[PDB]
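Given next, in structure tokens, is a single chain: the form deposited without 2-[(1~{S})-1-azanylpropyl]phenol (SYG).
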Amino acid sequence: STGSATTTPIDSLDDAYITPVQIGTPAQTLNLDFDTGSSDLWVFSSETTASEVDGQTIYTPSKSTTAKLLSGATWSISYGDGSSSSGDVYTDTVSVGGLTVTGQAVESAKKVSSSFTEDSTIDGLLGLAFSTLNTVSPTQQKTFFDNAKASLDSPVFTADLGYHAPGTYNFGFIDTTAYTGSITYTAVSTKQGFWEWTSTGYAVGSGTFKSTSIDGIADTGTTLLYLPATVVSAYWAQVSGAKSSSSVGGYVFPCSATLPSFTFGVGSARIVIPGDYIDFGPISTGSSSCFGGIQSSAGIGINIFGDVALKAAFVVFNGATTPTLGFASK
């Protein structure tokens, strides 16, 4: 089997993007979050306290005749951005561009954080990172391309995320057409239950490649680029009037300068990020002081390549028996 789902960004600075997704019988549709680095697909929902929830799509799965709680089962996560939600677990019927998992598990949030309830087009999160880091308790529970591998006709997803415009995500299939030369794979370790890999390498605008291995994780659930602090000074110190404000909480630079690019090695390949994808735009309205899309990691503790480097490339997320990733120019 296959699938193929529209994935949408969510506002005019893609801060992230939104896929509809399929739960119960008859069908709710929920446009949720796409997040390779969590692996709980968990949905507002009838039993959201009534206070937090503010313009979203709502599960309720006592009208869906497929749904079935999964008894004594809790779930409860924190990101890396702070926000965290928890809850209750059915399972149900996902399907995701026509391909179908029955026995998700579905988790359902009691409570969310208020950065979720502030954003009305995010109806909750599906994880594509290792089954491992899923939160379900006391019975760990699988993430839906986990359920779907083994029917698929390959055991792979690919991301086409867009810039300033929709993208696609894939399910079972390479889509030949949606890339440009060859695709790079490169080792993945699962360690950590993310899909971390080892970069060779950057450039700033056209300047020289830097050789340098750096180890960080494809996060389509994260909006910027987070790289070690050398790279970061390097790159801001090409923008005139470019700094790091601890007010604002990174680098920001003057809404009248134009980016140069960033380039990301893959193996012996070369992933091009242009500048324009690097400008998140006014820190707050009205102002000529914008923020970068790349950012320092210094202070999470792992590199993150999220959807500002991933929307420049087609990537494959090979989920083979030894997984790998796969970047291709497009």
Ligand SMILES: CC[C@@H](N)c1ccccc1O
Given for the second form:
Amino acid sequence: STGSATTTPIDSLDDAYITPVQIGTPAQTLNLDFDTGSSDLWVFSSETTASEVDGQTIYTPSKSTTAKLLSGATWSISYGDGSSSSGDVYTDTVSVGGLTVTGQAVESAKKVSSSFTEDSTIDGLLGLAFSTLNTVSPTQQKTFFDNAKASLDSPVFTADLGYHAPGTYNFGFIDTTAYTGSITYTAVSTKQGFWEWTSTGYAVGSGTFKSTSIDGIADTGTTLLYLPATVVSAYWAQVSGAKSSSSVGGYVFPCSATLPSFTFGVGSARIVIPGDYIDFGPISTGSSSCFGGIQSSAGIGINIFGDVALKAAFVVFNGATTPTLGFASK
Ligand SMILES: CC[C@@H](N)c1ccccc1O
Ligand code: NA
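Let's compare: the form deposited without 2-[(1~{S})-1-azanylpropyl]phenol (SYG) is above, so bring in the form deposited with 2-[(1~{S})-1-azanylpropyl]phenol (SYG) bound.
And the full complex, kicking off with our chain again.
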């Protein structure tokens, strides 16, 4: 089997991407944030505290003929940005882009933190990191990918995120029309439950490539590119008037600037992030200070290749017995 679904930016900045997901019988379609950095599939629901729901579409298990309570199971998650949610668990039929899993754990939110409430465009998360990070207790649950895998034509999914445009998540096949050149594969460590890999270096603009190992995670659920402070300083030093602002919470730059590109290495291959991708616009409405898309990972404890980096590539998440990542230009 295979599946193919379009993923759409939630806003003009590509802060996140939403993908429609069918849950239950008859189908209830919810727009979920697919997250290669976490391992829970959780939704706004008929159980979510009413004051914490503001415009999201909810899953109502009582209207699904295939929903069953997973008795005794609870979940609670805390993300890198401080957001969180928690609740109880159903099993139900879940379909993505025509690929169906029966008996998927669908984590029903009883509580969501204010960042979730405030964002009416995200109806929940679909985690695509390793199932070792799933938070269901007392019986840990599998991701949608892990449950689909044995049915798939090839044990893979691909992320093809758009810049200010829709893109695609495919399951079970590699669309050879969706990228240019060849795919370069690189080793993955699963020891922290992430798609963790080592970039071979970077370049700023038309500058020389610096060979240096940068461990980090491929995270579709993080907006920005978080890299070591040395690398980030070297990037922003090439932008007139850029500075790190403790008041704003990262590097800002004059909105009048033209940003240089940023290149990262994948083995001997190179992925170029155009300068425009690194513009996250005014820090507040009408400001002439703009927020940068490359930020320091100091204090996060890991480097994160978030959407800024991933959207510049066609990315293969190879879930074979020995997982690997692939990157191609597009
Ligand atoms: C990434 C979109 C943003 N409005 C957001 C939405 C929900 C939870 C956290 C969070 O930062
Ligand atoms: Na923000």
